Amino acid sequence: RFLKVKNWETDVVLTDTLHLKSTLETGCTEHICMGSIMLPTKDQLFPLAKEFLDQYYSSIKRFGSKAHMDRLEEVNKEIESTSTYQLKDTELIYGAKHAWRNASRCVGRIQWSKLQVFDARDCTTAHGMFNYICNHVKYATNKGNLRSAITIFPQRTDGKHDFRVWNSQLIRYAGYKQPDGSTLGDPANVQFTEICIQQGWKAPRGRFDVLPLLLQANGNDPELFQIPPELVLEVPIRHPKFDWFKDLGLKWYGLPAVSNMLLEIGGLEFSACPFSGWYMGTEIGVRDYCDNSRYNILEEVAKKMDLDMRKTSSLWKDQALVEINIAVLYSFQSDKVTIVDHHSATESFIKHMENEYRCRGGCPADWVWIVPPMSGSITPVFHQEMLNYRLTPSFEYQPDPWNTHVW
Amino acid sequence: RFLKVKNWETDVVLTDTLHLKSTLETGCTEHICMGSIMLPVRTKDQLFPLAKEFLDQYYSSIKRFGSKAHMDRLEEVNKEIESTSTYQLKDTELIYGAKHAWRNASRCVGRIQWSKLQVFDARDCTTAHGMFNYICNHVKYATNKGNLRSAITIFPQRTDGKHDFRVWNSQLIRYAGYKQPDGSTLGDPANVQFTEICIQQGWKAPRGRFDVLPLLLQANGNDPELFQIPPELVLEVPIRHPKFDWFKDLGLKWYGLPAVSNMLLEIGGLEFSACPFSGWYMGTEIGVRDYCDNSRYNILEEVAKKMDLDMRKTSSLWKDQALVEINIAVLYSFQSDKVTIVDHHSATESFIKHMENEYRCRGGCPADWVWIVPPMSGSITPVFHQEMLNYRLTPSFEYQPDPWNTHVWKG
Ligand code: HEM
Ligand code: HEM
Ligand SMILES: CN(C)Cc1ccc(OCc2ccc3ccc(N)nc3c2)cc1
Ligand SMILES: CN(C)Cc1ccc(OCc2ccc3ccc(N)nc3c2)cc1
Ligand SMILES: C[C@H](O)[C@H](O)[C@H]1CNc2nc(N)[nH]c(=O)c2N1
Ligand SMILES: C[C@H](O)[C@H](O)[C@H]1CNc2nc(N)[nH]c(=O)c2N1
Ligand SMILES: [Zn+2]
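Protein chains in written order, with full-length UniProt numbering: chain A, 299 to 338, 350 to 716; chain B, 299 to 338, 348 to 718.
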């Protein structure tokens, strides 16, 4: 009931009690673990609100105070009346920061309280959303000195007036099905690169074409918008030794800005809430270049290294994967763009873990996602036991808009 | 209830029905996941249903469920239990059990080989010296001059828990580790505590960086005794690198036979507390864990020095780079000497095939993602994007407290 977790590299033991607060469910049972599965009314709303407000006023050392009680009373009232309710800005911010704080899959959470919240709740149109998004992108980029941000569009009402960013990230590279058979650009984004044209995009049919924003406001049809290029900071990728690297014709964008998630605070459902921070190197280089179902350029890279690509036992894929990731980090640090290496980020996380166990009594963590996709066992998190559980406020997955939209 | 797993690299979807045959607990609940927790005297009361369960599986597998052979066997076992408070497995049953225990080992990426396991029945053993004999023949048989064969040796089951057979070594073959007065460690840091016990038990330690440890064996609950595996029986491979000639000079070598000996085999309620088993190495086990883990030989840095890497900023990925070269060297040294070894890409590929085959033919395949995924280059092996249900089946291999923590010293 008061669980412990052992780091095996260091024998350190943390005790977890925060999990007892856990409110939502995992997908696991006593009989089956699903830790490696990707995605396992006025009456429900009020308990949701109270729980949130209780933790909020507790966090400001005014638990049980007049303001607290009155606020709980005030919200309770508006709920009975309007069937929903609205969050004070302070609550909105506390909420946002805490959904990140509780994002069990996120290795970067040590930064969780330095989040810039943009209240875009007054928005009414796709054009408006576009204006708010450009503003976010510009702010977060900060000439390469990246800052974390989130922009929150009006909460769901009755599932009809839904605000949604159809892009999965604000900034992503187009991907096209070749008549040749293969795939040009980014394969992840193929179906999306279609929907854009299916909705009227004029694709430059290149490789690194920045996808257009497809914003949907108040449940209406979604509209296309193009991000001003001067707002899209990119880094041409080059190796600090292999000068044939730049020849490979590679660059990547500096701003990772996830847009398809649902943010939940005190029962309210912000279905558009694009947020961003900065890349861990391996997100672009292990994942965005070298996944089979992505840029898949490993073969060509090692080809250019004249490595024995005949048998797997030469570990050519590994050697190459390492150089590519060295290049990514090298180019970003060169162009004065924020990035963190996977050793540094995992180190920061262990500290953040220790910090949360100390000041908060625990920290939910999803080992399968926290461990970098390369060099796993030489990062400190590998040997770190982690408890996974779901807390509120949270970020949740949500169905792709094109599977839901009533046109 | 059906459950689906999806491979996100290939969109292949599989459907698990097997998880319904799962009894044992996971550690998990609906409000917490212990999926990354390393570790999450039995009466006639709870024995017979465990036995029936086993025998039922056993007779289904031989397509004789409900046969008179099956029913008499149940009866035979029943009566042997209520009379003797335990029972004995037939040879057929012991073999099936050991194989299935491996097959159910949800953390083992090597399971494709599960049906080809040589089972040595050492249930007639009575002394440590007898144990040394059995173990010696295991090692010789499994080693097969570098052409490794999977094998397990099974010592008598636990009776009253006061007469346990145990192998105190964690693996049959392992290098000593010595903590020095200055704080440094000579040999394998992973083995220091055991090395100490060994020394206290009268072992005369060479105190070299690569001393094969003695077997510390326990029979019928007696105090353990020391035995030196004859060196001609211990196959080793010196570690060199194919392009780096300075590598051999790091003075490295590893033993060829991985043979885990501290686990506990459970079959039909019976507990086999001494059941050393062996297969062959995946390269990363030696290369990534056995040299490069910060709590191991940690030649990561020296390899890095010799490569003249940029060890200043970690964002040079010098650690990553050295790690790769060390694993190249491990695989290369082994293949050159015709000692069986598998690389992580090969092993994971194999596993996916095995797993898919198991879903189709068995209705699932319990698998621990945290352990199946290799400790380097995770996402460029096919298991990384493979969803996996994890659950416990019997027969199984279980952890068990170190015997030095529980053992009652005769003297
Ligand atoms: C500032 C530096 C940050 C770093 C280095 C970082 C790092 C990461 C990494 C490496 C992942 C794994 C994702 C993958 O492999 O595809 C991840 C996931 C995640 N991040 Fe963070 N992040 C940062 C900022 C943020 C911010 C500002 C938020 C939101 C406020 C956030 C929320 C999340 C969430 C919810 C996930 C899980 C996504 C999922 O479940 O699929 N992160 N992060
Ligand atoms: C024949 C080639 C084999 C290969 C390549 C192989 C590979 C592996 C690897 C790489 C691990 C993870 C080890 C670690 O990182 O600590 C593992 C775990 C395991 N293996 Fe296999 N193995 C083989 C044979 C066997 C055999 C013969 C058995 C038993 C009869 C077995 C039973 C297990 C068990 C029970 C685990 C989980 C250990 C634990 O729970 O801590 N394996 N295997
Ligand atoms: C499995 N993938 C192919 C699909 C997938 C796509 C985006 C995903 O979002 C992850 C995510 C979320 C927030 C982040 C914030 C900062 C950062 N550097 N990476 C971040 C990464 C997760 C999964
Ligand atoms: C943290 N460690 C001390 C615990 C630990 C060490 C080795 C372990 O080995 C498991 C294991 C079992 C059987 C194997 C068979 C073959 C093989 N190549 N590796 C195998 C590896 C398990 C746990
Ligand atoms: C904390 C974590 O559960 C633990 O360190 C595990 C992680 N995965 C592993 N995977 C393998 N193959 N071997 C291990 O020893 C471990 N250790
Ligand atoms: C099968 C597994 O659940 C899936 O591939 C996960 C594994 N771990 C991951 N880890 C991170 N950081 N990001 C991911 O997308 C995934 N994918
Ligand atoms: Zn679980």
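Note that these hints are calculated values from the structure, not bench results. Careful, some of the hints might be misleading.
Partial list, computed: chain B residues near chain A (C-beta under 7 Å) [said to hold, decoys possible]: (1) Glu328; (2) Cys331; (3) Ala497; (4) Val499; (5) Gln500; (6) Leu624; (7) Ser653; (8) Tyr666; (9) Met695.
Every residue gets a Cβ at the ideal spot worked out from N, C-alpha and C, and that includes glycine.
* To do: Could you check if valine 499/B really has its C-beta closer than 7 Å to a C-beta on chain A?
  => Nearest chain A Cβ about 13 Å off; hint violated.
* For the hint on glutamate 328/B, does the least C-beta distance to chain A fall short of 7 Å? -> 5 Å, holds
* Going by Cβ atoms only, is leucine 624/B closer than 7 Å to chain A? -> Status holds, d = 5 Å.
* Would the stated hint for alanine 497/B survive a check requiring a Cβ distance to chain A of less than 7 Å? -> This interface hint is violated because 11 Å lies over the 7 Å limit.
* Verify the interface restraint on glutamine 500/B: the C-beta must sit less than 7 Å from at least one C-beta of chain A. => 12 Å, violated
* To do: Return the status of the interface hint for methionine 695/B: holds when the least beta-carbon distance to chain A is below 7 Å, violated otherwise.
  => 5 Å, holds
* Please verify that hint: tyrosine 666/B, Cβ, nearest Cβ of chain A, below 7 Å or not. => Violated, about 15 Å.
* **Interface hint compliance - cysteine 331/B to chain A, C-beta minimum distance less than 7 Å** => 4 Å, holds
* Interface hint compliance - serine 653/B to chain A, C-beta minimum distance less than 7 Å -> Hint on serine 653/B: holds, closest Cβ of chain A at ~5 Å, below 7 Å.
The structure is inconsistent with the numbered hints 3, 4, 5, 8, although it conforms to all the rest.
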